[PDB]
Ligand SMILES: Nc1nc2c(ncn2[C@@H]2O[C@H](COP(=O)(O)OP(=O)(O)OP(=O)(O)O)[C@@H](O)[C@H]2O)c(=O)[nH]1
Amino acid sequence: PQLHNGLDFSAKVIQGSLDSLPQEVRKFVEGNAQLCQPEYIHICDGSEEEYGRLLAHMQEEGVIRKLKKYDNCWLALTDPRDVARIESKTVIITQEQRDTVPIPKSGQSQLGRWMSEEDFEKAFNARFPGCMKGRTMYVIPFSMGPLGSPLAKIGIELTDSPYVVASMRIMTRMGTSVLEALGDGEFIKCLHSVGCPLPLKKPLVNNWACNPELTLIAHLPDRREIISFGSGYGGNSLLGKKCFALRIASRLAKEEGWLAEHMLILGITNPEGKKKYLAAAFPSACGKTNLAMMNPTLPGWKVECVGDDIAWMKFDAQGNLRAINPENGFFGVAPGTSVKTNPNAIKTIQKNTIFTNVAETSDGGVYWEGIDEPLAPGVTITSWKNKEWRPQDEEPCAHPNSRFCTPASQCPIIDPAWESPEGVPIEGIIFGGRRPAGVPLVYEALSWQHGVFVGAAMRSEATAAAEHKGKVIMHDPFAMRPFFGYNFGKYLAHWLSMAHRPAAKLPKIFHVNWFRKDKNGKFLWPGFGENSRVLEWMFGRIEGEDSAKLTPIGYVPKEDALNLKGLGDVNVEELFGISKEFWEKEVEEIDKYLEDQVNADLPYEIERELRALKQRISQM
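Taking just this one chain, and keeping to the form solved without this ligand, what is its structure?
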C-alpha cells in the first residue's frame, strides 16, 4: 500500500510492535514520528522490567541519580529555568476567545489564556518539526482512572523524555493492558517534546534538556489534543496530571454532565463506625496532602485517602455524587513534608519514589526545608543546584516547588475504595483558603447556590513566585484558577445546574480556614491533626445535627459544639469572630473582581448571592 516506505516507522521500533496498535493509535504515532523525526520509537508496555531498565539507563546516561539510602528511590535535578508550570505559556485554543475565558474589563485575564488557532499553528510549526532528532519517542498508553471504570478516560502520550515515562508509570495506569481496553475507542492525543533536538545547539544545564524560550503548553479541547513543548517539568510534561485531568477533562465534563475538579477525596470514619467521603478544594500548598492523609487527634476517628489532588465526579442513578481519583500516584510538594506534619506521606515515599529538585545528603538520602529531621554531625547536604549547602546560605537546599512522585498504593491509609470503578459517594464539599484575617475557622453554606458563590469567591494567601515577591492574597475560585478548560462563568453555570437534577443528593458545602491570626500575629488554630475536630462538626451537620448558628456568612458552630478539649485556651472570640467592617470590604472586593474578570458571563444566581450577602452584612 505504498510507493516507497509509506509512513512505516517499523525499522525504528525498539520495543513493541506497530502492527499490534489500534489503527488510530498507529496513525497518531507515525504521523508524529514523521513530524518530530525521532531516532527511535519505544511502545511502552508498563512492565516492571521496562521500568527498571529505563531507570538504570537514565542512571547510566547521567539523567537521574539513585538514592542509595532507600529502596528504589531516585533523584532528578533540573535546569533552574525549568522548575514549575509557566502560566503565561499555558494556553487553550478555541474558535471563539469567550468560549475559553471571560473577556476581562481591564488588563489580562486571571482565569484563562486563549490563543487563536492561527497563532497556535504558527507557534507549532516553529517548534515541533524535527524536534526529536537523535532521541527516542516513547508511546505511553495510559488510563486516567481505574481501567474499565465507566468514569475512566484513555490517552496516548508521545514524549522524548524517559523521566516523563517513569513519572507517568507512577502517576497513571500505563502499558499494554490500556491498549487492550482502548481498542478502537476515542483517546486524548498528548504530544510532548523537551524541544532539544540533537545535536544540541546550546549546552545542557544539570543534564536536563529543556527549551525555556520556546516553552508552550497548549490545549485543543475540540480536537482532544494536548501539545506541550520545551519543558520537562511536572504539569508541563506529565500530561495526565493537569492538562488532561483538569483542563481537557473539565471541558468534556461540561459537555457530558460530570465534573473535573481540583479536589482531594478522603473517607472519614467516626467512633461509631459511620463513614463518609468528603471532597476538598484548597489552593495549592494549603495542605491538600495534609488533610487527605491526616492522622486525626480525636480518639476513634480515622481518615483514609482516596486522592490528594484531582477528583472526577458524576451523579449515579440513585442521585449520589460519585467521585473517583483519576490518578495512580501522588506528585506532592516536598518542602514542608515531615514526620510531624505528615507521617503518612513520609511512610509513602520511603520506597519506589522519584524525587525532583530536592537536596541530597552524603548518606544518599533526601532533604528539604521543613523536613524536621536533624542529620548526624558530618552528614553534608548537596542542594538541588548540585552545590554544597549550609543553612547559613540565604538560598533553600531544595527548590520551593520540588516534588516527590510516589505510587498511591504505598500510602499506609489509602482507602480500600480508592480504585473502586463506581467511585465514592461525596456527602460534603469543602472549600478553603489561607486567610490571616477576617475569615473564621469553619462555616457552612446556606444553600447550593450560596455554596457555589462561596467557591467562586475563594481567596488565599499564596507564596509569591515568579509573578509576585512575599505572600500575596489572590482569588482562586474552586482552587481552579490556572486550570479552567473553558469560560469560568459557564463553569459556575454548570455547577449551579446541579441543583436542578431531580433526586440529586447534593453534598453539604463548607469553607475552612486553618490560618487565621490574632491581633498580634499568631495562629489562632493549631491545625494538622486537630483539624479532625472541624471534620467532626461537618460530619454531624451532614447527619442534620442541631449544632449550627446562623450568621451573615453562613452557619457556624454553636458555642461549645466543637470538641476543643486538650487544646488549652482557644481564643474563640477572635477565631470565630465576624467583623462587619472586614466583610463589607470583602464583599466590595469580590464585586470588583467578578465585574472585572467575569462581567457578562457571570450567572445571575451568583450576582444574587453577592447581593444577598451584602444585605445580610449591612444589617449587622
Second form
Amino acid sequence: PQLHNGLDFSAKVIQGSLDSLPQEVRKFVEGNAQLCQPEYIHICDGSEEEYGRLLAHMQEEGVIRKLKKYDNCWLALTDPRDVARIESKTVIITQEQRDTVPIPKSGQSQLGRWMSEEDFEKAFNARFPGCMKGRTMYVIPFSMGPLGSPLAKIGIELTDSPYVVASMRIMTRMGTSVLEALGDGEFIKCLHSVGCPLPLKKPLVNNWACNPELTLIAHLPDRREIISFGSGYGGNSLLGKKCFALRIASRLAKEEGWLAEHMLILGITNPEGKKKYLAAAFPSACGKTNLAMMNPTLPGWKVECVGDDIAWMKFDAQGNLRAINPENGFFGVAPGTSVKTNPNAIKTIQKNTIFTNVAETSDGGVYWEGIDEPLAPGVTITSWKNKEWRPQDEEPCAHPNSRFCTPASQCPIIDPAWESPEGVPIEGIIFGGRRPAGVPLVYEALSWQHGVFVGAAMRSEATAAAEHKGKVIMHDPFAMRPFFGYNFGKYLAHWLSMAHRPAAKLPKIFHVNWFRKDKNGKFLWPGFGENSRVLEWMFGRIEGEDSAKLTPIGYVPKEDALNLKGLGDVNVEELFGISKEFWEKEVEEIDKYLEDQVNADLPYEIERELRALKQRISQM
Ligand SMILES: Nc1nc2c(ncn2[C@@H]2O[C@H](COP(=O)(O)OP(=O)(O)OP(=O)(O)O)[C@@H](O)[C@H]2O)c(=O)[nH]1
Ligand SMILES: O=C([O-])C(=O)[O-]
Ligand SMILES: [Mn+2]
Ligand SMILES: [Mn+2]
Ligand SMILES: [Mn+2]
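Form solved without this ligand already given; the form deposited with this ligand bound follows:
The next block holds the full complex; its first chain is the one shown before.
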C-alpha cells in the first residue's frame, strides 16, 4: 500500500497496536503523526500501571513533585505565562461568521472569536508541522459521560504532554474500554501540542513546556475537531472539558435538542425526607464548587454533589428536565478552600490528587491563601514560583487560579446517581455572579421568559480564571460568555423554545448574589455553609409555599421567611434593598449591551422582558 513505507508508524509504537485501532482512529493517529513527527507513539490503556509510569516519567523530568505528606498526591509548577484560559486566543471556525457570533451593531463581538477557514489554515500550518519532534505522542481514548451510555460522547485526544494524560485520567473515563465501546462510531478529534519541539530553542521556566507566543485554541464544529497549541493549562489542554463538553457540545445540543451548560448539579434533602436536584450557573471562580459540595449549617439538611462545572440536560418522555455530569472528577480552584469553607473538598483532595501552582510545605504538604490552617514550628513554605516564601511578603504563595485535580468518586458526599445514565431530574435553575452593589441576595423569576432574560442579563466581577484584570463588572450571560459554541441569539431562542415542549415541567429560575458589600467594603452575607438558608427558601418555593413578595425585579422572600436564626446581626435591609437609581442604570447597560452584541438575532421575547422590566422600574 506504500512505495517506501514512510507512512507506517508501527515501528514507533511503544504501547499498543495501530492494528487494534478502528479505521478512522488509526487514520487520525497516523495522519497527525506524519505532520507533527513524534518520536514515539503511546496508545493509552488507562491502567494503573500506565499511570504509575507516567508519574515516574514526569518526576524524572522535573515536571511534578511528590507531596510525601499525602497518599499519591503530586504538585506541578507551570510557566507563569501559562496559568489560565486565554479567551482572546480561543477561536471558533465556521463558514459563516453569523453561525458563531451575532453580527454586532457597532463594536466587536464579546460573545466569541470567529475565524475563517482560510485564516486558520495559515495559523495551523505555521505551528504544527514538526511540533512534536523528539517527543511522545499519547493517544487518549476518552468518554464524556458514563461509559457505554447512549448519551455519552467519545473523543480521541492526541497530545505530547504526560501532564495532560494524567489529568485526563482523572477528569474523564479513558482507556482501552472506550476504544471497545467506540467501535466504528463517530468520535471528536482532539489534537494538542505544547509547541516545544526538541532540541529546545528556548529555555523552559519550571521545566514547563509551553509556547505562549503561538498559543491558539481552535474549534471546528463542522469537522468535530478541536485543535490546541502552545498551552498546558487545564482549560486549554484538557480538550474534553471546556472545548468539547461546552463549546462543541453546545452546538450539538442546539442541533439535537438538548443543553450543554456551565452548571453544577446538586441534590438537596430536607428533614421531611424529600430530595430535589438543582442546577446553578455561576461564572468562573464564582462559587459553583463550594455550593455543590456545601456542608449545610441547618440541621436535618443534606447536600450531595452530582457535578460541579458542566451539565448536559435534556427533557425525557415524561417531560422532566434530566441532567448528567459528563466529567469524572473535579478541577477546582484551590485558594480559599479550608475546613470552614469547603470541608468536603478537603476530605477529597488528600489522595490521588494532582495540584497545580499551589505552595509546598517542607513536610510534604500543600498551602495556599485561605487554607486557614497554622503550620507547625520549623515548617517552611515554597511558593508556586519555586522560591522561598514568608507570610510577610507581597507575592502570594499560591497562584490565584491554582487548581486541584481529584477524582469525583472520592468525594464523601458524591450523589448515588452521579453515574446514572438516565440523569437526575432538575426542578430549579440558579443564576448569579459577583455583584458588590445593588443586586439583592436572592430573587425568583416571574416566568420562564423572564428567567431566560435574567440569565441573559448576568453581570459579574472579573476573576483570575481568564486574562481579565481590574475586577471590572463584565457581562457573562448564563455564565457562558467564554464558552458559546454558536450564535448567542440562537442560544437564547433555543432556551426560550423549551417552553413550547409538550408536557414540559419547566424548573423554577432563581438569581442569587453571595457577594454584595456594605459601605465599609466587607461582605454582607457569610455564604458557604450559610447558603443552605437560601436553598431552603428555594426548596419551599418549588413545593409551592406562599413565602414570596412581588417586587419590580421578581419575587423576594417575605419578611421572616428566611431562617436567619444563629445570625441576627444580618442587615436585612441592605441585603434586599432595591434602589430605583441603581436599577435604572442597570437596565440601560443591559439595553446597550443586548442591542449592540445580539442586534438582529435578539429574540423578541427577550426584548419584551427588557421593556417590561424598564417599565416596572420607572413606576417605582
Ligand atoms: N464570599 C464568598 N466567597 C465564595 C463563596 N463561594 C465560593 N467563594 C470563593 O470563590 C472562589 C471560587 O469558588 P469556586 O467554587 O471554586 O468557583 P467555581 O464556580 O467552581 O469556578 P470554576 O471552577 O472556575 O468554574 C473560591 O476561592 C471561594 O473561596 C461564597 O459563598 N461567598
Ligand atoms: O476552569 C474552569 O472551570 C473555568 O475557567 O470556568
Ligand atoms: Mn468552570
Ligand atoms: Mn469549580
Ligand atoms: Mn415562546
